[PDB]
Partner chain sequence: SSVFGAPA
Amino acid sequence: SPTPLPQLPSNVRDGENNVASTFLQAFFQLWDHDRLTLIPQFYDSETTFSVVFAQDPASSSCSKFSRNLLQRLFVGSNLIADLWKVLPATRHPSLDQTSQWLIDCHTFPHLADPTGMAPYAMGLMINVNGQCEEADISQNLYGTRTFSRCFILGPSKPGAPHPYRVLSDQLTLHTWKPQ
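Structure for the chain I just gave, only that chain, in the form solved in complex with its partner chain, please.
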């Protein structure tokens, strides 16, 4: 058997202000316990969100959502809340269970500067591979999800609650093991 590429732990290279930590600690806690509060904090009129697939509670949910006004679903800021409402209840492990998370991040150049004072702004790319417990109360469906989620963060618009915002949020829901 050929040998797969070696697997190392999370490679966290964010800038000194530790935004990746602050953001992700808030993100997964609120995703589980107070999900919609994330949007006013970090999402704005330009943020884009996709949920992709690689019985599944999320599958039936995104199906019905898409019919109404492996498979993909892309939305702008106008529908993010409504979609997030329909996504399964979750419990993620704590981020300090480090071996249960694969989080890779780095800062990168040449985003736009929303203040227009400079031609470029630095961005922060955060990619997460993790797992969570998913539940759908009505359909008595409970199980373990493996997922990927890629965030692009950048400077926020003037007046925003935080100095950074989410530009792009790409959720990939692959494996679902019933339990």
Contents of the next structure:
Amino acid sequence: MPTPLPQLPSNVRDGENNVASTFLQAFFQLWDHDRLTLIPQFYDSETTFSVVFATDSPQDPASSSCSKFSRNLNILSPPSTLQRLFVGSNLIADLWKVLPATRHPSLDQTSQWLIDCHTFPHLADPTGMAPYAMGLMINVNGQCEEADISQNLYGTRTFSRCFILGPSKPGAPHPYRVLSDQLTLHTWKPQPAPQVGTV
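If the structure you just shared is the form solved in complex with its partner chain, then what does the corresponding form deposited without its partner chain look like?
Here you get just the chain by itself.
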């Protein structure tokens, strides 16, 4: 007699300004083509980034990339299989370069995304005038087209990504910043490689 829980549509409680939708649209638009530019725009010294692997797929790009990253780093020696990887503000740029090339769908297609988000209290206040500040949690479940070009590796990634947004420091680009970025890569299914013929 078992019956799984009801799967309602993704409720985006980002208020009246719809800041979550804007941030997500911009973020993924940037993430696809020029992700590094996200760092000066939305990321900080207090920001922290993690990548986790929920499953051990065969010959997936992300694992090999992150493995090479961990092995290359002078900072420590772990061994074979890494489940997760954590980096502070100073190594996010260095890590995002190694990650595979990704193509995400537009947010217009609600069928492709499960975006739950809300605002929570008692965050830290960067301005330092008040004890607390209010933050915005954005949990995103979706998929994308993940690709390694150096190797001939191309496939579809299912993933979850959690953003903790908060007020930014004075003299920052935007009114808010990313406090924490938690990426979870569930699975990678191989797909046919796009081909372009020229003459």
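So that the term is clear: the rigid core is the largest set of C-alpha atoms that superpose within 1.5 Å between two forms. Shifts are known only where both forms have a C-alpha. Numbering follows the first chain given and starts at 1.
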Align on the rigid core first; then say whether the Cα of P163 has moved by at least 2 Å between these two forms. no
After a core superposition, would you say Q25 shifts its C-alpha by at least 2 Å between these two forms? no
How many angstrom apart are the two C-alpha positions of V86 between these two forms, if you fit on the rigid core? 0.5
If the rigid core is lined up, how many Å does the C-alpha atom of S99 shift between these two forms? 1.0
Sticking with residues common to both forms, list the runs of three or more in a row where every CA moves 2 angstroms or more between these two forms, core superposed. 15-18
